[PDB]
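> Chain by chain, the residues run as shown.
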Amino acid sequence: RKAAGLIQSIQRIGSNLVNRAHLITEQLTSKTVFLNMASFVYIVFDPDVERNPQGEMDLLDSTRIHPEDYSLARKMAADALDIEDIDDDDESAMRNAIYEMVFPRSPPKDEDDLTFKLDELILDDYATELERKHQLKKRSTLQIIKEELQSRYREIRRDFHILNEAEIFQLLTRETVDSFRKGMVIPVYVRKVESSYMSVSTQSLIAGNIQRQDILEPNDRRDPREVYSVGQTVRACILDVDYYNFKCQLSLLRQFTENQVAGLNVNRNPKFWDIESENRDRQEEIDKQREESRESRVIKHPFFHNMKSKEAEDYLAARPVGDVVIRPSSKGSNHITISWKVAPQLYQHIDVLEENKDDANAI
Amino acid sequence: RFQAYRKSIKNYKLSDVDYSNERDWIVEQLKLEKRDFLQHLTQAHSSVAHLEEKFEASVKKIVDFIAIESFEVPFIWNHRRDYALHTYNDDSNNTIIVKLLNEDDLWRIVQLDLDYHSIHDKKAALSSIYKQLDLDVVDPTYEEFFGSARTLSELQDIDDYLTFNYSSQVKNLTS
Amino acid sequence: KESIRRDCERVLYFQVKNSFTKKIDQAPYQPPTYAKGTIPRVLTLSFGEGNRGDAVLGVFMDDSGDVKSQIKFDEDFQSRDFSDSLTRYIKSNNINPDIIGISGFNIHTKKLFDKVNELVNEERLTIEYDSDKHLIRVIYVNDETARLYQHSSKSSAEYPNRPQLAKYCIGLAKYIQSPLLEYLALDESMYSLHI
Amino acid sequence: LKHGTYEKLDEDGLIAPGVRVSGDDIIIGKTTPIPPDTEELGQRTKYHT
Amino acid sequence: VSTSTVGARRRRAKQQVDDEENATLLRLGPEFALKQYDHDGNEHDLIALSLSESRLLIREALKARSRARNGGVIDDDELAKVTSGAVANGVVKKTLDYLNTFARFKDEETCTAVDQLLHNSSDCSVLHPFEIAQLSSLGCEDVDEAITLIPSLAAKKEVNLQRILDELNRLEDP
Amino acid sequence: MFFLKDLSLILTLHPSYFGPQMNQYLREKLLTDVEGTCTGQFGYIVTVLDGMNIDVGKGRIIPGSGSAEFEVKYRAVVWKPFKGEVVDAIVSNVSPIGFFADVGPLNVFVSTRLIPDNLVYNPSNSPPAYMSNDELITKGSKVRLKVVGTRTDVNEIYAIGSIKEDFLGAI
Amino acid sequence: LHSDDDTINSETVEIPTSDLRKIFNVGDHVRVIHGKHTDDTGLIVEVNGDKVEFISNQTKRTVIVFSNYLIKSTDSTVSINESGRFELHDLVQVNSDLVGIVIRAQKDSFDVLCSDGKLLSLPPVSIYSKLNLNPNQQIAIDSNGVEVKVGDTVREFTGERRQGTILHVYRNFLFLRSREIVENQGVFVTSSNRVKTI
Amino acid sequence: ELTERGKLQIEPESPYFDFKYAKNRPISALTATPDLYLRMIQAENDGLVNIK
RNA sequence: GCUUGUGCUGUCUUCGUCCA
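Protein chains in written order, with PDB author numbering: chain A, 983 to 1345; chain B, 309 to 482, 516; chain C, 724 to 853, 866 to 930; chain D, 885 to 933; chain E, 3 to 75, 84 to 184; chain F, 1 to 171; chain G, 511 to 708; chain H, 620 to 671.
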């Protein structure tokens, strides 16, 4: 909100800010806000436009030096030029000295400006005398003033970042080099099938390759063309990645595609991991994967009755000797038990094995 | 940005004693958070005595700048860097500069400055409640664990202690 | 639990702040024999998705930030005609790039990058300051901000008569010229980036 | 386009006498112009007009 | 999904003010009207249920279903896990927690006495069942508090509200 | 508020299930499709009474598709909030915009504009809370609120409460 | 008219529209007629005379709009067609290394379900791009080794053993649509290794 | 410790699988890896796990 | 490295075909 108000105020006054002090003299900003923002906003200074050192514009308004240190910077510049008629209270001579130091009228051989004379100054004694007289800690401020005077508003940022192989791969594929590396298993779309090599394309268009020793199982002897076809998609395990050429090698062998399940380096330290609870939970999960579905069997036959063994015996009790009843067997849907009355309160159960069954309920 | 941070603060201008307590609290909090850095400073700069005192003075000066002078972190980092570092000359006359604080530590000091005012409000409310209790003789346990209290959890514990042991006075003022 | 949560949130906050600081702390690309921080003259190229139909669109931005001479190439980029057109375009007197930036949507961009780099190396296309001569640099450009720029209504209002891929090229060139301001132009959208 | 074949047409869009024709095959090829879509976003030789 | 026993309700032209749901005005809509019909079409009254009655009914039905599914062979978690459906399990768990943390009457005999007091009373013979459920559920302590929480009871000043509330508090286990 | 209602459901059965266990399979399908569901017209169905002895009748064969359609009538316990009703609640989450409470399966949201001003939200508190001089409401604290508005969704219900009136707030 | 007298409440009076002002009660579903918040619905919370405040349904936040821009509409029934750049159930690239599926769509926001299950609410502009994956890329392989295409119904065996029909495929993750999971309109994310084809 | 929801839904794909059966992890070392403890808390908020 | 495209008018008038 303050920025928009400042922009509107500048556009009211004339869309041009001559000097840093005009943020206070024109009532544009308050004291503390200006004190914060003075050295972080700058006004570009063109020496060809301002021929007057005593002019309204200021050299140091194009630097990072705060306005409270302008007289400090001008005293540094005046003392560096070996001037001796200078007095601290004479601001005009200070401005002339700094103007002739930063924009000399007759620069020496192969020197743009007299800023190189600043390196002869002993800033430590100046900071010591400042601390003694005025109780100001300004040792780093003298260095900042020196660096800004030698080159007004340098580029302090790091150099432009240039992408490496991993960054280029991540940029072009959106797969990091962590989620696409050796040992991982991915589905690949087969594109070419040959006698000795196979060419596939992954989901992110990275061209894969599989060799004869990695297509077929060791016990297999059939030709690769008979085993796979173009357009089919299969699972494969990564054996090498070329992050520069966007090419990878894969293997379709069972030893690589299926066994490698624990792809994460989970710290299974016994003191730091509950091994026994994990084993019990995994065993219970296998014991739940063993669950199966089952149902009764229905058979259409005049002497067939859906009864148990004891039920069949009781049913045959009311019937004379020689009558026959048929009941399902406990050994499975492929077996049938036939019970016939041998004698009063004596029955024989005979198991019959069925072969070439058309259906579980069929005969 | 300071107005946005301090918009939720009911009253920001602390008294002198409360301000000194705030400075001490921020120094203690930074000492707790920066324990490894202080250990590295003590071990690797053993030849210099009382560097932690210089660290305390620097943290207090940064808190002084932020609270009284209302300087934001970039201004302090750029134009007040001499208060955030210590220099000395070794036996071989070697000029050595030690960087006590960084920009992230200045932001953390801003965060602790913002955080302490909730503690101050809670402590003021607890002291006011104790005043309305109006004990004939000051409770040694209350003052003992109220002087050393530095987190709102301990203030909540003291509040629970007071509302339990002096429940009759609370009922009279008013389960 | 609350105390550890607050401490870990503080640590993660400072880590995210440092990561974002590493993201946005980039100067503009410095052309050779010029002082650091000087804005370079940029030429950006992209065919888009890399499909059969897609043509290459180019945008040239000078050091003053003004877009100049957007062009459309009407030939297969794997042919000699595209190479001749690009050689005539770069060697034109009114265009003097300091760097060539290339970015795209998939791995087909590698073919364009290799083609442009090989053409620049073979033809010896040097920087024209109009002495020591240096070849123009060809790089990959991170397009974090360009993909959001091309859909922004501000870009559409700025360039009403231009397609989306032209806005993508302008975003890439602006990112090369000033990464910080391009991050700032996202406004609320910069919190959705991968920091 | 239609589902029939176009390989029996000549350069001028007309079939020649003596050629075998089956149902739906194209015997006269004719096109009408259409104001192009936003395909000027870049389609080197494959933008429909 | 499920359809009520009340049907028809075709298009007309008149519009009425007794159509919006409102607890204060005792306008519960057509599907929750005072007069209902069973599967046989006979007359039926709206059946409100307090948290004690609801908790007893849900516990009884759930334990009956659990006993039936186990071949006829108390914990809320296992009883909730008896039901099928993860979202259903979460819903019944939330209801069990809500009922448990606000159970005014955890005993069958206390709930029976409360229901008999709130039904057989001469003053309560005019009280709406929703008012009865609200009084037995919210556990109010004062006539003014009950009137403020339940605006419908303000117009029924012929009810010995205070002594009924004191009897409810007495029956409530401290 | 809980109620007893006579509800009906239409159940369609594929011909592959035309076996002796048809009635029990229909019963379990009805239980899975009714228990825990939320219908805006009725509210929340929590349990079905006499769930193992529900009459299903005779199913009608749909012409042209073979599948049978069953009309199953049952009595179930149903809970539905009403506008202008005061009920108890338990706070589940605290936020600057307001607090979220749970009334059984229903989640009720109360905005700050329906909360008294003295219950200032304290985010520094552990856990964060809306606290006053004599009141402190946080996660898990008993609250008595009055339902003002109810929002009906396809298979969900959203309620809005208020605590600005008397005999409300912390309990 | 409504008044304490019953005989007055049974009378109908024809009144010009120029002397009528709408009455908005607290807790009523109202739909915005015109303005920046057009087609926003919700429940009225505060009635400050001319200005009315209401908690929205789409953004679920309080919105202050003048009473002249409100119509009492008990249901939203907002259609999101001809908006944004994203159809419902689109597989949208959130950023460089994030992807998701649009679950619900709004006038100026979207709800995205990530591959890991986290839900996000973003403006349309903040979405990086839309993934228009080719049909050959949109193929995965189940735990048995049988190919599963979009539209094939599959049912898990690990975990909760849920079932759904394939809606989108991203790497090893399958976005499934299901009837019984009403929590996210049927959309739940599982890896292809967890499912078996039916 | 795992709830039933956690007992089922904690699959290898999930980010919470890293700490599914963790134990004897000191509090002093939690601040070194804030993401781990934040993920634990977020899993707790889902009702899958309980931090004890 | 190279891959295959996915549809049709309306309204009248006249002349005819098989019965009636």
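What the hints contain is simulated information worked out from the structure, not anything from laboratory work.
We put the CB at the ideal spot given by N, CA and C, even for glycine.
Be aware that a few hints might be false.
Interface residues of chain B toward chain A, partial, derived using beta-carbon atoms under 10 Å [claimed, not checked]:
#1 389
#2 393
#3 395
> All the hints need checking, so say for each whether the structure fits it.
A quick look at each hint next to the structure:
1. A cut of 10 Å between beta carbons decides the hint on residue 389 of chain B: the least distance to chain A is about 5 Å, and the hint holds.
2. Proximity of residue 393 of chain B to chain A holds as hinted, the smallest CB-CB distance being about 8 Å (cut-off 10 Å).
3. Evaluation of the residue 395 of chain B hint against chain A yields a held restraint, the C-beta minimum of about 7 Å falling below 10 Å.
Of the numbered hints stated above, none is contradicted by the structure.
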